[PDB]
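**Student:** This is what each chain is made of:
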Amino acid sequence: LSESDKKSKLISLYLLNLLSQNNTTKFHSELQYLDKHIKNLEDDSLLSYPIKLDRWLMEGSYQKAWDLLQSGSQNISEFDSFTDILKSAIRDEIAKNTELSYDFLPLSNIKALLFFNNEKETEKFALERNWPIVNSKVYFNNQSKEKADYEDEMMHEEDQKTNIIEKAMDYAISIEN
Amino acid sequence: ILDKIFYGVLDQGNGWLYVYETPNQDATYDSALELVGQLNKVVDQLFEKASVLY
Amino acid sequence: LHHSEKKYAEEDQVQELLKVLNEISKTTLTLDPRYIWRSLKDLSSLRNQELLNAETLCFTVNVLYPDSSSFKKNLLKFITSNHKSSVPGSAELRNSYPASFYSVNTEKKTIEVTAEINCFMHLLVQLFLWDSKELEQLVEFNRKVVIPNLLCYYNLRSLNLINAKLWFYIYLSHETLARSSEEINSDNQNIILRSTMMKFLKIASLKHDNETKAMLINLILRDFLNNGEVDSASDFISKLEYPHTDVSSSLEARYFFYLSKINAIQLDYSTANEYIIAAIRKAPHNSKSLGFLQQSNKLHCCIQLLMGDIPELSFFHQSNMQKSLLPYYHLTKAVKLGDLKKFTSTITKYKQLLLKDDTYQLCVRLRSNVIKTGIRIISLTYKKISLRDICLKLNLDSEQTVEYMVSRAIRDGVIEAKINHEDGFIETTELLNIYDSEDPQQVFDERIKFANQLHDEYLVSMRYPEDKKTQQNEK
Amino acid sequence: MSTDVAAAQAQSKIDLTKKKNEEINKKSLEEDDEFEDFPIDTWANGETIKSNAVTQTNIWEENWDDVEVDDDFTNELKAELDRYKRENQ
Amino acid sequence: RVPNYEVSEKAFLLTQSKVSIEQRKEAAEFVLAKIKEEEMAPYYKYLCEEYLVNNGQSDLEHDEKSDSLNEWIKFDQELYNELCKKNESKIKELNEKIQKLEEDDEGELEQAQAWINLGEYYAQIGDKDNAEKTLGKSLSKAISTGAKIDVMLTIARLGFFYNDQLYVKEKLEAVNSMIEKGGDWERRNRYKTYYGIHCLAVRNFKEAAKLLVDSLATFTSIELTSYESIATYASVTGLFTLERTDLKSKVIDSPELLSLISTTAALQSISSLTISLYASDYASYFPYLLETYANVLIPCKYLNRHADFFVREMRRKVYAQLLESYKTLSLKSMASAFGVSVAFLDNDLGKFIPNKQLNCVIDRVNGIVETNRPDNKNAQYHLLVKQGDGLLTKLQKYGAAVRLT
Amino acid sequence: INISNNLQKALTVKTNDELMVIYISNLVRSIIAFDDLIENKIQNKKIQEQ
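Line by line, the protein sequences are chains T, Q, S, Y, R and U. Heads up, the first sequence is in the authors' numbering, so the first residue is 96 and it goes up one at a time. Heads up, the second sequence is in the authors' numbering, so the first residue is 381 and it goes up one at a time. Heads up, the third sequence is in the authors' numbering, so the first residue is 18 and it goes up one at a time. Heads up, the fourth sequence is in the authors' numbering, so the first residue is 1 and it goes up one at a time. Heads up, the fifth sequence is in the authors' numbering, so the first residue is 20 and it goes up one at a time. Heads up, the sixth sequence is in the authors' numbering, so the first residue is 255 and it goes up one at a time.
Check before you lean on any hint, since a few could be wrong.
As the list claims (entries may be wrong) - Derived PhoX-like pairs: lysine-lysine, alpha-carbon spacing no greater than 25 angstroms straight-line: (1) S:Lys340 to Q:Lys429; (2) S:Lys350 to T:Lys191; (3) Q:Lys421 to S:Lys353; (4) S:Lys466 to R:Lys405; (5) S:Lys36 to U:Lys295; (6) S:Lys126 to S:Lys43; (7) R:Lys84 to R:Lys64; (8) T:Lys147 to S:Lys485; (9) S:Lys485 to Y:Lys18; (10) S:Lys466 to S:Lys486; (11) S:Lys492 to S:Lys466; (12) Y:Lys50 to S:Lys353; (13) S:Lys492 to U:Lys268; (14) S:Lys358 to T:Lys159; (15) S:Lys305 to S:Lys150; (16) R:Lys405 to R:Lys37; (17) T:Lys121 to T:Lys182.
By construction, these hints were calculated from the structure, which means they are not laboratory data.
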C-alpha cells in the first residue's frame, strides 16, 4: 500500500468499511497487515477515526461511538456513505446486550438508552428485534423465550447436552475396548 | 456460634435467628481428599525413578 | 601443512559419514536416524572451521562425485580461494571407502554412491553458510544450487528425512537478508521461496514422510506472521495435516506457538491460552532454549490479561528471566488496580520493548480490559451499588455511560450482573451453587475423557521398542 | 516460575547431544535469547531489592502487600477521625 | 556471643522512622557505649553500609547527608586505635596457647579448645568471617560430640547477627543431621529457639508457631536470647496460625505466658490483642491493633517484613468470626462496633473481598452487609477438582517425556 | 460419579507406571545387544590362538 498520497485516506476507508459490516475478527486481520507499514511511517492522522471507533465499541462505550460519528460529519467528505450504516451498528449492539440486562423499559427510557431520535423509531426497532409492546413497555424477556424455543427445534441437542443414560454407557465401553 | 453447640446465623438487619444443625461435610468427599493428595506426591516419586532414561 | 591438516580433518568426517551411510542404504528405522543427524551437526560445525576451509572441498574430490565438486568450488571462491592439496594425488584414494568403493569397482562403473553422498554433501554447503554467519553470495547461491537437485530425486523415504534439515538454513538466511536491506527484489524473492515450500508439502505427503511435512509448515507460518496476514495462516492450519507421527517435540513446540498468536487475535483466548501452556511443556527447558522460553512466558501472560485473568505475581519474581519481564510485572499490576492512568503511562515507556516481541498488538486491546477488571472488583465488593457511586470511584463521565459499559460485559457473561435502570442500581446476579444443576456431569465427562487418553497412549507405544530387541541378537 | 510446577519441567527436560541441534534451531527463529539482549538496550533493568523485603528475586514466598500501600498509616488515620466524629455524635 | 542480639535490635530502631525519636535516641546511646566496650567496630561498618540511603550517611566513611538523623552512628578515629590494639592483645595470647599445647600431651583436644576460643573472640567483635574458619578447625579434630553441635550453633548465631537467611539455613542443616547422633536434649531445645527465628523470618508461620510455643515450656537461655523476645515472638506467630479453639489452649491458657505477666510493653500489647479477639469484643480491638504494630512488630527486625500481613490478616480474622456467626449485618452496626465509621468500613472491606477472603457482599443501596459464604457441596467440589487438575497435567508431562526417549 | 472420577485418575498413574518400567528394560536391552557385537571379536581371537 502504495506510493500515492491518496494512501492515508484510502487505507482509512478500508478499515471504516469493515466496521459498518460488524466484523471485529476481520478488522484485526486486516489491521495487522497494515499495522507494520503505517505505524510511525504514516502515524494516525485520519487513521485514528476507525481505530478509536473500534476502541469505543470494545469498551462498551456506545455513547462515545455515537458522538464520534456526529463529529466526523463536521469534516464530511465521503464519510457519509458509512455514517448511515454505522449509526445502525450502534443501536443494534445495545439491543443484543440489553436482553441480558433489563426486563422492561418505558418508551422514554428505551429511546434515551439506545439513542432513538424520533418516537416512531422507538416502536419500529421493536418489531424488528421482535420485542412486543404492551402498555407502552418493551419486554426483553420475550426475546429470551424466543431464543429458548429455537434451542428446542434442534436435532443436535440429544448428543450435545448428552442424556444421563448415554454418559454412563460412554464411560463403560472405553474399558471394554 | 463459635463455641459450636447449635451454630446458626443471626440476622441483625431482619431480626431473626435461624438454626442450622445439619452436616457441614459428606464422608466420601473427605476420604477423597487424602486420596488425590497422595497421588500428587506419587507421580513425582515415579519420575524420580524413571529419569534414568534421561 | 595443507595436506597434513586437511587429511586429519577429513579422517574425523569419514567416521561420521559411515554412521549415516549404513542406515540410508539398508532402509531407515525413521526414529533412530533422525536423532543421529541432530548429534552429527554439532561435531561437523566445529570441524569445518577448524583446519582450513578447503577441507570440505578436498573431501568432495576424494569421495565419489557425479559433478558435486563444482558446487563446492564456487563457494570456496567467495570465502577466499584455495585449491591446493585438494586435487587428485593429494585428495584421491578409492580403497577402504565403500563410500567411493574399491579401485576395481569404480572402473567397472557398476556401483552407485553418487546419490546419498550428494545429499549429505549439501549439508556441508548449508553448514558452511551458517558457520561463517556471512550472507551475500552464500544466501542466493546455496538456495539455487541445492533445491533443483531435491526435485531431481524421485523422493524416497530415506532421502526425504535427510533433506528436511537443508530447509532451515535457506529460510533463516533469506529472512535475515530481508531484514538487513530494503529493496523490492527481496519482496519478490520472498514470494518464490514460499511457493517452493508449498509445492514440496504436497509431494512429501504422497510419499508419507513426516520430517519434511512438519518442517515446511513451521517455516512458512512464521513468514505469514511477520507480514501480518492472519488470513493466509488461518487457511494454512485448516488444511489440517500436520504430523505427529515421526517428529520431535521441539517441532510440536514450534507449531503450537504460531497457533496461539492467530487464535489470540481472532478473539478466541480460551484455546490460545490452552496451546501456549502446551507449547512451553512440549518444549525442552534449557539455556539454549532461552528465546523460546522467554517469549512463550511473555506471550502467555498477555493472553491471561486479554481474558481478564491476572498472571501470578510469583510467576515473574521467581523466574530467573525477571529482568526482561520488567514491563509485564508493571501491566499485570496496572490492570489489577484498575487505573486507567497507570496503564497509559506504563505502555508509553515500554512501547518499543512490546513492539519487539509482537506483544504490542495485544496491548492496544488491553486498553479495553482495564475498565472490565475495574468493574469485576466492583461486582465482587458490592452486590447493590448505585450508579453514582461507581462513577465517583472510577471517574466515569455519566450514569448512562457506565450502564452501557456494564451491559457489554454482562453480554459476554464475565461480570454476570443485571442492571436496573429505573431503580438506579446494578445488582450482581452471580451466586453459583451449581452442584444442584446438572453441570458437574459435564465437568466429569472431560476428566474421564482425559484419563482415557493416556490409557490408550501408553499401551500402543510400550510393546513397540520390545519387539526389536527380541528380534535382534543378545548376549 | 513457569506454568504449573517449574521444578517438574526442569527435572523432565535436560541437555542431550540429540536435543542440542533442536534447542538452538528453535531459539534462532524466535531470534536471540532476549535475556542478554535486553540489558544492552535499556541500560540495565532495575529490579528492586531496596524497596521490598521479599525482593524481586523471591527469597521464599512473596507478600502481595507490596501492591498495596502501607495501610497502617491509613488505619491509624481512620481511628482518629472516628474519635472526633464519635465524640460529637 | 551474648551482646549480638542486643546490639541488633537496638541498631534496627534507628533505621525506622515510624518509631518516635525518643525511643531511637535512647537506643543509640546504650549501644554506642557497648560498641566501644566490646570493640564491635567491624559490625559497626556493616551497619552504615547495608541500608544504604536513609540513615548511615553521618559517618566518617560516607559523606554526610541530612538523610541520617543519627550522629550517634558516627565513628571515632580513637575507636580504630583501640580496635587494633585489643585485637593483637587477645589474638596473640591464643596463638601462644596453640604453640604451647602442640608439645604437651593430648594436643587433639587442647589445640581444638584454643580454636573454640578464637571463635569466641571473633563473635565478640562482630566479624563472622575469620570466626567461620577457626570453628571449622575445632569441629575437625577430637572433641566431645555435643560440643560439635554447640560450635555449629555459634556459627549460626553470627549468621542471625548479620541477618543472612541463606547462611543460617546451612548452618542449621548440619545441626539437624547431628541432632539425634548426640541425642542431646540440651542442643535440641537450643535448636527449636534458633530455628524459631529462622522460621519467623520465613513467611511460613506454621512451623514458627510449632517451634516457638513449645520452646516456652522448657526454654534455654545458656548462650541464647532472652525469654522476653521469645514469649512475644511466640504469641505473634501463634495468633496467626492457631484457630480459636487451639488459641485458647496454647496462648491464653498457657501457664508460662501467664506467669511472665505484663512486664514488657511488647508483651502487654500482643496479650491484649488475643484476649479481645477471643472474648468477642470489637470496640477495643481497633485501637489495640494499632498499638501492637507500633511497639512490637516494628522494633523487631524479623516482623518488620511481616508487618503489613499482620494488619491485613488480623482484620480478616476478626471479620471471619463475625461473618460466620451472622447472615446479615448493617454497615451501620458493623462499623460502630469495631469503632470506625461507615465511610472507613467501606474501604477496609474493598481490600479483602476482591481477593476472595471473606466471601461476602455489601449492599450499598439497602445499607446492609450481606453474607454469602458457600459451605455447601459446590464449594467442596471446587477444591477437589483443583487437586485432580494439577495431577492430570503432571501425568501428561511425565508420561509424554518417557514416551519419546 | 465423583468417586468414579478419583478412581479413574488413580489407575492412570498405574498404567503410566507400567510404561515407565518397560522403557527401563528396553534401555538396558539396547546396551546388551551392543555388547554382543564387541564380544564376538573376543570369541574369534581365541579360535585362532588355541
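**Student:** Would you mind marking each hint as holding or not holding in the structure?
**Tutor:** Going down the list of hints, with the structure as the test:
no.: 1; hint: S:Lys340 to Q:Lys429; result: 35 angstroms, violated
no.: 2; hint: S:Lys350 to T:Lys191; result: 33 angstroms, violated
no.: 3; hint: Q:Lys421 to S:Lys353; result: 33 angstroms, violated
no.: 4; hint: S:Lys466 to R:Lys405; result: 17 angstroms, holds
no.: 5; hint: S:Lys36 to U:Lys295; result: 20 angstroms, holds
no.: 6; hint: S:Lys126 to S:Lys43; result: 21 angstroms, holds
no.: 7; hint: R:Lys84 to R:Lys64; result: 17 angstroms, holds
no.: 8; hint: T:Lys147 to S:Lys485; result: 65 angstroms, violated
no.: 9; hint: S:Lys485 to Y:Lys18; result: 21 angstroms, holds
no.: 10; hint: S:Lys466 to S:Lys486; result: 33 angstroms, violated
no.: 11; hint: S:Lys492 to S:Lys466; result: 43 angstroms, violated
no.: 12; hint: Y:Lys50 to S:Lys353; result: 24 angstroms, holds
no.: 13; hint: S:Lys492 to U:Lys268; result: 31 angstroms, violated
no.: 14; hint: S:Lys358 to T:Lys159; result: 19 angstroms, holds
no.: 15; hint: S:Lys305 to S:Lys150; result: 18 angstroms, holds
no.: 16; hint: R:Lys405 to R:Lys37; result: 42 angstroms, violated
no.: 17; hint: T:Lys121 to T:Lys182; result: 20 angstroms, holds
Going down the numbered hints, you'll see the structure goes against 1, 2, 3, 8, 10, 11, 13, 16, while the others check out.
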